[PDB]
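Note that one protein chain is taken out, while the other chains of the complex remain in position.
Labels for the chains are A, B, C and D, by order of writing; each one numbers its residues from 1.
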Amino acid sequence: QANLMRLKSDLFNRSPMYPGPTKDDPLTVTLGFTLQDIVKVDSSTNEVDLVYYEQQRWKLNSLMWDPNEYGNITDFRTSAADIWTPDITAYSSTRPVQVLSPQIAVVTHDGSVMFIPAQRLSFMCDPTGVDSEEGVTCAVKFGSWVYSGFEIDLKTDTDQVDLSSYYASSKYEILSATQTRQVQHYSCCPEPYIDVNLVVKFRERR
Amino acid sequence: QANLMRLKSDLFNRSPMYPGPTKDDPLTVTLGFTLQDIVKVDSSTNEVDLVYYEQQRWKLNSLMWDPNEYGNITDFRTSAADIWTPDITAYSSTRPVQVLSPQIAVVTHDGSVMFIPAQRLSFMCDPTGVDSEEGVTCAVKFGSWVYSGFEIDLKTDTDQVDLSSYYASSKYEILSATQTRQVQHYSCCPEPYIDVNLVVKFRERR
Amino acid sequence: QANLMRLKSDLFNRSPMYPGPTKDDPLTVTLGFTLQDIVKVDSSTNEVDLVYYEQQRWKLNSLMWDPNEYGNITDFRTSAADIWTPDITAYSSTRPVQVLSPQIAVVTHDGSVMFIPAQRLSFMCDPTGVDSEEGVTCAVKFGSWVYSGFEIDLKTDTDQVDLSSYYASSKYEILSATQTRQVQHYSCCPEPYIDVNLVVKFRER
Amino acid sequence: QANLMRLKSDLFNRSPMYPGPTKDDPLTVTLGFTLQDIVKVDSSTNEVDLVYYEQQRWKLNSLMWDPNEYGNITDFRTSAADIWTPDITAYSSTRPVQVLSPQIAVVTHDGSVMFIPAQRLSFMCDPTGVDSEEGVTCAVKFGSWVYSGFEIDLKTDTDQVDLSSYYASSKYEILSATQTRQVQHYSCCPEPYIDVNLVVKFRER
Partner (left out) sequence: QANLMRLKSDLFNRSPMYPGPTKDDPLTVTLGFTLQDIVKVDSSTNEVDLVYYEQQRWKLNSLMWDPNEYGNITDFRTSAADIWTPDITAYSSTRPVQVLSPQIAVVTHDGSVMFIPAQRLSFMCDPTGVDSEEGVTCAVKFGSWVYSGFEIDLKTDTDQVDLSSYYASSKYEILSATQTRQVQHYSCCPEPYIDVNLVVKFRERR
C-alpha cells in the first residue's frame, strides 16, 4: 500500500495458483484444537455437537518474499480464496460443518501460512452414561480427504487440547481432551492416510 | 511445482470441457458404497437418514497424458469443477443430499478419474419393525438422472456394500447391505435407464 | 465428441442467449407431474410436503440444427444454465422449493427441449379429515410467475397425474391426482396468466 | 428477438449500472402487499410467519427507450440482477426473508419498472389472544434500509392490503390488513426514513 498491494499482486496475479502438494514435493500441516463448548447431545440418534476453532499451519516456497523489497513487510492478512488451503475433513461427521469465522489467513515472508477457522460440527457419538460420574468418551478423526500420507502429513505441537477457552457454564464438563496423530488405510486405496484423532471425555454438569 | 501446473493448464485451459457422453461415445461408471451410519429414522413420515461415501470411477480419453512429457507425473488431485462428473442421483430422496466431503477428484495418466463424495441422504423408507429381532429392510436406487443406458452404464465391483467403516455405537445395527445393478424404464422415455439399487436391512441395537 | 463440442459451441458461444419469449414470438410449455410421496402433513400450520418430478417440454428455433452438419447428431444433454428455461412457480408455496435432481436438460435437432426437475414442495393445505375414510383434498397452481398467457401458454398431455411411481409404503395413500389447465387474472395486470392446477386427494393408511 | 437482444444490449452492456438515487436525483417506490397466508404462530418466542407477495414499482430515465427504434417493442422481462432494485427491508424480522418467486422484473419504454417478489417472513409479533373472538393485532414496517426519505420515498396506491388471494383454509382468518405510509427517525442519523407499515389483525378459525 502501495507496498502491500504490489506484494499481493506479485504472488497472486503474476503467478498461477499453487497446484497442491504431490509425492515429489509433499507438505506438512500442523493442527491444534481449541474446544469452546459441547453445545448439545442427541441420545436418540447418537450425534453430538461441538463448537471449537482449529489452528492450521503449513509452509510454501510459492509464498516467500524479501521484506526489504516490499517496504520491510514481515507478514499480511488475505482471503483464503487467494491461496491454496488444505482439505482437512471430519471423517465421522453427520452434518456439514458450519463456519463460524471469516475465511482469512496470515502469510509471512518465510512462506508460512496460519489459518484458524471456527466451526460447529455434528459427529457420531453415543452419549450413553453422560449423566454418570464416570462420564462418556467420544472420538472424531480430522485429516485430508483426498491427500495420502505421501502428499500431506499431519502433526500436533501437543497431544493436549486447548481447554482454557471452554465455556464456564456449559451443560457438559470436559474431563479430558486429546489430539493424537494416527495412520489409517481405506479399501479404495493402497496408500496410508494421516489424521489427527480428537478424543473428548465429558459429562453433564453436576 | 511448474511441471504440474503446465499439465493442468494443457488439459483444462487449452481444451474445451468434455461435453458428456453420447450414444456414439458412451461411458461406464463404477459405483461402490461405504456405509458409515444410519443416523436417524422418522416413523411419522417414513424417511430415514444415511451417512456414507460413494466411490465413483470412470475413464476419458480427454484426460490422458504422457508422464515423460510432464516430469514423470503419474496422477494428480483437482477440483470437481475442473472436470466433467456424472449426475448420479438418489431416485427416492426426500431432501437434497448434503455434501460432507470436499469436491476433489483424482485424475491419472490413462484418463481414469476417481471421485468419492461423502453424503447425508434422507430417503423414503418405512421403519415399521425396526425394534424387532427380524429387522426392517429399505432400498434406494442410484443412477444418472438424464443419461440413458445407451450413454451411461453403471457397474459394481461387488454386490456387498462396505460395512467395515460402519459406526460401532450406532443406534442401528446393519444385518445386511447390497449394491446390485438394475435396469428401469420410465413413462417419459423409450430408452432404459441404469441404476445401482442400495438395499439395507437393519434394526435397533439390543 | 469433436462434433458435439462444435455443435454446443455454435449454439451457445457464437449466439447471444435467447432473451425469453414475447408477444410477437410466444411459446408453449407442456407440464406433467409424477408424484412420488406425500412426505409429511402439518395440521398445526396447514402446510403439506410433496416430493415429485415435473416434466417440462418446449421448443425454440434458436436451438435447431441440421444433424448432417454435426456428425448425424440427433440430440444432446446440457446444463440448464446453458439455455433459457421457463419460470414455472408454485403459487401457494410456503417455503422455497428444494431441487432433488441435477439441472440438466435434453435438446434435440428440431429445437425441442425436455427438462424434468425433481422437487420437494411445501404448500398451503388443510389436512383436516386426512384420518377419515373419505380423505382430504388439496390443490396448488403451477405457472409462469412473470409471463402472461400472451407469452407463455401451458398444456397437459393428460389430466391424470402419474401415480405409477408413488411410494408403496408412504404414510398417505393417494385416492386421486389431477393436472388441469387454468386461466387466472391478477389485480396488477390486464393480461391473463396460465397455470396448471395440481389437485390431490389423500388420506392416512 | 433480434430487436429485443439489441435493446437489452444497449441499456445494460453499453451503459454503466444506475448507481442508485441521491439527494439530487431522488426516487419514489410504490409498494403494495398481497397477503396469501399466516402460516404459523409461535407463542413461546413471539414470532409469526407470513407468506405474501410485495409489488414494487418505480421509474428511471436510465431505462427509457423509443419503441420505433426497437421494432415497436413496448416492454420486456429481465433478470433483477440486470437492473438496480430498491433495498426494501422488514425492520422487525427475526429471520432472513425467503424468496419464493423468481427474480425477474418488467421494464417498459417510459422507464417504469415493476417487480413482485413472493416472500416468507418471520417477524416479531405477540399472538396472545389469537384464540379469542376479538383477535390479536401485529405490525411490521417495510422500508429502505440505507436510503433516507431524501433519496427514497415510499407510497401506497391503497391503504387496503390485497386479501383476495388469502388462503381459504388457513389456520388463521384475517379480520383486517393495512398498508399505511410512515416517517421514522433513528438515533444514528439526522434524516428521516420512510416505511410502509403493514398492520394485520387476525385470529384462529
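Miscellaneous remarks
We take it that a contact is a pair of C-beta atoms (placed from the backbone, for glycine too) under 8 Å apart; a residue touches a chain by one contact, two chains touch by 3 or more.
Within the full complex, the chain left out of the display is in contact with A, D.
Per the touch definition above, the residue from D:93, D:108, D:182 or D:197 contacting the chain not shown is D:93. Although one chain is not displayed, chain A still touches it through residues 1, 4-5, 8-9, 34, 36-37, 39-40, 51, 55, 71, 73, 76-78, 98-102, 104-106, 114, 116, 118, 120, 162, 164, 167, 169-171.
Listed for chain D, the residues touching the missing chain in the whole complex are 16, 18-22, 24-25, 44-47, 87, 89, 92-96, 124, 126, 145-147, 151, 186-188.
One rule holds in what follows: only the chains that are shown with their structure count from here on.
Centre-to-centre separation between chain A and chain B, using Cα means, comes to 27 Å.
Not a single residue in chain C touches at least two other chains. The full set of touching chain pairs reads A-B, B-C, C-D.
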